[PDB]
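Okay, so here's the structure we're looking at.
Removed: one protein chain of the complex. Kept in place: all other protein chains.
By letter and in written order, the chains are A and B; residue numbering begins at 1 in each of them.
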Amino acid sequence: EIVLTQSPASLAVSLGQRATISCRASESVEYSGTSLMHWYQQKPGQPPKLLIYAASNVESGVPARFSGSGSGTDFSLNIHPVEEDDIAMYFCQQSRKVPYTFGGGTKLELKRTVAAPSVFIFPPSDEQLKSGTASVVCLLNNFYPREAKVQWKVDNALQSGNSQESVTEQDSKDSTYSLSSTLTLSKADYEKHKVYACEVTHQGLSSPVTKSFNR
Amino acid sequence: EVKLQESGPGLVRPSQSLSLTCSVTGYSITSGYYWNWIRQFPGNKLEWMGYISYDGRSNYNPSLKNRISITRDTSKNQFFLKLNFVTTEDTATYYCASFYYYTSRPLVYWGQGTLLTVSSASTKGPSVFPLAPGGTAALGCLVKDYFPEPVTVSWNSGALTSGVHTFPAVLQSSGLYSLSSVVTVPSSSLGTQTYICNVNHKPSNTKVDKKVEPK
Partner (left out) sequence: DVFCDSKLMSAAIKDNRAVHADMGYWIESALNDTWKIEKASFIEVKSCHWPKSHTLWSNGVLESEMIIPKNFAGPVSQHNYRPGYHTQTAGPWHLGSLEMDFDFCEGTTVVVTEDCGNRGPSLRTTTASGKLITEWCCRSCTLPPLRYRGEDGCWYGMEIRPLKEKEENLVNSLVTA
């Protein structure tokens, strides 16, 4: 299997600027002077759409701001000037050998200034505890960039494997993200401990922020 | 021109077989193109599964060799993907695609894609729990233990939209989905204004209003 490595996994970009995505193959993709590598764009809820075929040929109907280059094992997609319609996922694909394979994908995201999150913690409701489970929620609101770390602490004991995260898409007006993390415990385990804390790590904070409550 | 359309069930039980149909319109499957199946996992990774040629010869990804079969019906201008078994790892969006054999073989045509969820869960309505708290305060509603997707959330029957973040649903170890929707609000209004979340889950006919008060 020819393994395609795309870089970066996420690229922040300003409108009007130049964006370049890379895809590197584990072995040569060339065949009789043609590079068997293609580039696709994918919007949410849509199938991928062919942008570049044979790694420098712009498909008919594709805007002239897209271009492709490279040969051998190294290839590049180029978008200039970047427009709002280009905020999307991008994939590379090789057709030199079966099984055909795709790159891991590159998310073209709109750039903005660093924004620290506002952190809120929510204890489980009395209704849910009556039902017999306990959910603690920590909310990270309106932050940028995407990278953020949430660490749950129960009586200062670090939690592992019992939390789940969900992130919104980039907001249409301020380009920030919001994140939900849910800590799942049994009602009994919840009622046997006192201090529940959510520690948030983000580039926009000069120091990690903890939000906690006592049961 | 050429159009592809996938069809099949959106839900299949673990360890049962899977049968998908791609209907091709505007071109006979007996010339020109190779007809491929490609799936996309929740984390956006794409995996090429296999193809059948315009002469009726199939070729499969080794990762699927012993469980996959791609057939065709030339009188109905369709081809078919069969998985002898599926597990919860096979939950993905399944696309049909084609490439012209006498090219560099890019995937020029794609179907709209069909979502396939592999689960043993039954249809189940959600439980809605409140997420309760100076400055601006955050509140929300936890929509827990429902199947299948999706749920819809609004606030004050749609009159409150600014600052609302409804997160993508997460799949719990129970096989049931859970998500949160949150909204940020002036703390001064925590006494004076009513804040109610409206949750709709149509497969279970669930219409629930939950008032979110601090306690």
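A few remarks follow.
Keep this in mind: contacts are C-beta pairs under 8 Å (C-beta built on N, C-alpha and C of every residue); 3 or more make two chains touch, one makes a residue touch a chain.
Here one chain is not drawn; of B:9, B:10 or B:26, the residue touching it is B:26. Touching the missing chain, out of B:79, B:80, B:94 or B:99, is residue B:99. Counting over the whole complex, chain A has residues 50, 53-54, 57-61 touching the chain that is not drawn. Against the chain not shown here, chain B presents residues 1-2, 26-28, 31-33, 98-100, 102-106, 108-109.
Operating definition for what follows: only the chains that are shown with their structure count from here on.
Considering their complex, residues 1, 34, 36, 38, 40, 47-50, 53-54, 59, 89, 91, 93, 95, 98-102, 104-105, 118, 120, 122-128, 131, 135, 137, 139, 141, 164-168, 178-180, 182, 184 of chain A touch chain B.
Per the touch definition, chain B reaches chain A in the complex via residues 36, 44-48, 59, 61-63, 95, 97, 99, 103-108, 110-113, 127, 129-133, 136-138, 140, 142, 144, 165-170, 172, 178-180, 182, 184, 215.
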